[PDB]
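The data below hold one chain only, encoded as C-alpha cells and taken in the form solved without the partner chain.
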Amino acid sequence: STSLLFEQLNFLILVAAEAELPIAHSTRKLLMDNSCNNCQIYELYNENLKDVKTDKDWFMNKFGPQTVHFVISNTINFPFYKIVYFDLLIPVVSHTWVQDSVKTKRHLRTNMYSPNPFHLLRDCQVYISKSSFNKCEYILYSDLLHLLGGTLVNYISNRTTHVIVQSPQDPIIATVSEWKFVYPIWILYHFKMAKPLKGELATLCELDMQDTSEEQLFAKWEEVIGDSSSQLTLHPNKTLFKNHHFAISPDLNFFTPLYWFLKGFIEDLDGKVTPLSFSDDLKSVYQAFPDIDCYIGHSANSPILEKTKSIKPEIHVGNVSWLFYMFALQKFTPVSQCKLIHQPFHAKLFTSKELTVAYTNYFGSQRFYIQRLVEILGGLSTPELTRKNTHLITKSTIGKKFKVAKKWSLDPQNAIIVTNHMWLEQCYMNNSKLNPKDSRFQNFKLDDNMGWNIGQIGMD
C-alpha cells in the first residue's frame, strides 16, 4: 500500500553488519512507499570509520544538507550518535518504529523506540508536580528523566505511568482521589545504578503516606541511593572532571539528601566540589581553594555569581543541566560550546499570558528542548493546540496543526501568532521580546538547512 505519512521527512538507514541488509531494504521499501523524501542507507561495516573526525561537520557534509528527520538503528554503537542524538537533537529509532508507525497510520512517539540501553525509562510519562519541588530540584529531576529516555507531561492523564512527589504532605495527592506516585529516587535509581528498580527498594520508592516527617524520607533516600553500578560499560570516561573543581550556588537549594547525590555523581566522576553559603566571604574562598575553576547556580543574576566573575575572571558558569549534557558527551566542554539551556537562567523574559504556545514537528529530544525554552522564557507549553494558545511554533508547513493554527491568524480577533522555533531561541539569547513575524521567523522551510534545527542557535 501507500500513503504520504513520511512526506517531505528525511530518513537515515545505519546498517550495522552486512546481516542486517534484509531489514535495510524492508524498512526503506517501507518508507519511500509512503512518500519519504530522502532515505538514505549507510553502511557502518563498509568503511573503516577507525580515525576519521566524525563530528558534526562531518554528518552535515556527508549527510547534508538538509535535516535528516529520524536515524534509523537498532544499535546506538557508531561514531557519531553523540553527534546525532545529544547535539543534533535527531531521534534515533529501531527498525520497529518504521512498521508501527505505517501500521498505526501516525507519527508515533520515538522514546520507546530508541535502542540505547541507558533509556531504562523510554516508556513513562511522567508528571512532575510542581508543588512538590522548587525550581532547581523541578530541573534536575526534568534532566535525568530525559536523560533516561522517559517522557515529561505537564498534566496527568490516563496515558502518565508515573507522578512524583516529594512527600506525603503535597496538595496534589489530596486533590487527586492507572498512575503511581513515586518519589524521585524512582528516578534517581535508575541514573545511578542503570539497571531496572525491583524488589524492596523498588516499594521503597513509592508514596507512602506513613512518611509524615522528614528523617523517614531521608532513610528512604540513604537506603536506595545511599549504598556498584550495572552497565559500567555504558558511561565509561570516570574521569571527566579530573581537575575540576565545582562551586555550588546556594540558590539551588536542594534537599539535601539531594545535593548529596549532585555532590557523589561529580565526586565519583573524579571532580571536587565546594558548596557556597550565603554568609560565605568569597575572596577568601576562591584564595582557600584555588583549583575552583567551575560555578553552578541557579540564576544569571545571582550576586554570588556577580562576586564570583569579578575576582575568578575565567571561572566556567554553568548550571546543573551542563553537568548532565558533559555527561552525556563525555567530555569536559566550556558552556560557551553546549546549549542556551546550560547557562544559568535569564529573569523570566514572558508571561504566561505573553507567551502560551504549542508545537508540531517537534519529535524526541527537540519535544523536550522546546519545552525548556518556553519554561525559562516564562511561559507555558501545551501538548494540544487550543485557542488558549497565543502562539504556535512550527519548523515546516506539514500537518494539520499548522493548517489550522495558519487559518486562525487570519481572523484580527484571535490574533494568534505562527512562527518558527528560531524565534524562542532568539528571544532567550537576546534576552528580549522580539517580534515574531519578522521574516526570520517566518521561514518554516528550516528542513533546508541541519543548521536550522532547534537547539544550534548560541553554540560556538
Contents of the next structure:
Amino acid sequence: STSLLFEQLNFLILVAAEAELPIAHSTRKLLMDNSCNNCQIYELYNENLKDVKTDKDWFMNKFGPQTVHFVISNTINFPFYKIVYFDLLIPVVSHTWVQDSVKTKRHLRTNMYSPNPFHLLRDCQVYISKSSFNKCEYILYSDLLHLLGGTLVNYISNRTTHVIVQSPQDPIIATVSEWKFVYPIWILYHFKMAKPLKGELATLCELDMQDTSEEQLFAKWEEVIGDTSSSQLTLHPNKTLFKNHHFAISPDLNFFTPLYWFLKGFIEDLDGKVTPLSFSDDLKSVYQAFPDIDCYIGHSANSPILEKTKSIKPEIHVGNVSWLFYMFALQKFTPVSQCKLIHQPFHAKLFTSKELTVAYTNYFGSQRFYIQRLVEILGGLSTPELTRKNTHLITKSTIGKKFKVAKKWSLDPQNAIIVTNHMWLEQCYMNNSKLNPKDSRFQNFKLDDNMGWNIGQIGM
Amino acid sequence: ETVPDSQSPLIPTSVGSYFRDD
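What I would like now is the form solved in complex with the partner chain, since the data block earlier showed the form solved without the partner chain; can you produce it?
Full complex below, order starting with the chain above.
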C-alpha cells in the first residue's frame, strides 16, 4: 500500500553490519512507498571513522544541506551520535518506528523507540507537580527525566504513568483522590544507578502517607540514593569530566537539602569541586579564600550574588545546573558560549500565560523538550492539543492538520491566533525582547531546507 | 474545538500551574 504519511521528511538509515542490509532495504521501501522526500543509507561498517572528527560541520556537509528529520538506527554506537542527538536534536529511532508508524498511520512519539540503553524511562509519561517544588527543583527533575528518555506532561491523563511529588502534604495528592505517585528519588535512582528500580528500593520511592515528618523523607533518600556501585558503567566513561574545575553554587538554588547532596556527589564523582554560597557570605573573602573557583552555577541571571561575583571574577564561567548535565551528555567540558541558550542563568520572565499559551506541531523527541523548556523560561505555557485557548502555533513547515486549522483561524481579525516559527521564541529570549512574530524571518516555514535552522542552534 | 496531538487530558495544565516559591 501507499500513502503520503512521510511527505516532506528526510531520513538517514545507519547500517551497523552487512547482515542488516535486508532490514535496511525493507525500511527504505516502507519510507518510499509512503512518500518520504529522501532516504539516505550510510554503512558504518564500510568506512574508517578512526581519527576523523565526525563533528557538527562534518555531519551537515556529509548529509545535508537540508535537515535530517529522523535517523534510523538500532544502536547508538557510532561516533556522531552525540552531535545528532544532543546538539542538533535529531531523533534516533529503531527500525520498528517506521513499521509501527506505517501501521498506525501516524508519526509516533520517538521516545519509546530510542536505542540508547540509558533511556530507562522511555516508556513513562511523567507529571511533575509544580505545587510540590521550587522552580529550580522542577527544572532539574525535568532535565534528568529528559536525559533518561522519558516524556514530560503538564496535565494528568489516562496516558500518564507517574506523578512526582515531594511529600504527602502536597496539595496535588488530596485534590485528585492507572498511575503511580512517587518521590523524585524514583527519577534520581535511574539516573545514578542506570538500571531499573526493582528491589525493595522500589518500594521506598512511592508516596507513603505516614511520611509526615521531614526526618523520614531524609531517611528514604539516604537509603535509595545514599550509598553506590552502578550498572552500565560503559555508557558515560569519562570520570574526570570536571577535573581541575571548582563550582560555586548560588544560594538562589534552594534545593531540598538531600537534593543538593545529590548534585554535590554528581559533581564530585566526576572529579570536580563544590563550594556552596550563602546569602550572608562576604563574597570577596570567599573567592579569595578559594582562588581556584572558576565556575558559578545559579538559577537566575539577575541574582545580586551573580552581579557581585562577575565584578570580582569577571572571567568566571557562568552557567546553570542544566549546563552541568549537558556537559555530562557531551562527555566534554564546554564553555557556556558554545552551549545553548538554556544553559545560562535564566532571564526574568518575558511574557505571561495570557500573552503566551502556545501549541506546536511536527516537533519530535528532544525538539519537543526544547520548545517546552523555552516557553517555560519565557514565562508561558505550552499545550499538547491545539484549541482556541492558544495564542500561538509554533511550526517548522506547512504540513499537518494542526497547521491548516491554525492557519485558517489566523485570518480572522477577531481570533488572531498567530502562526510563527521557533526562531521567534529563540530570538525573543536571546534579545530579551517581545519581538513581532509576523516579521519576515519568523514567517519562514521552510526551515527544513537548511539544517542550521534546527531549533536550538540560535545562540550557539 | 480540540485538535489532538497526533503522535486526552482530564486535569488541566492551568490548575496546578504555580511553583511553591512563586
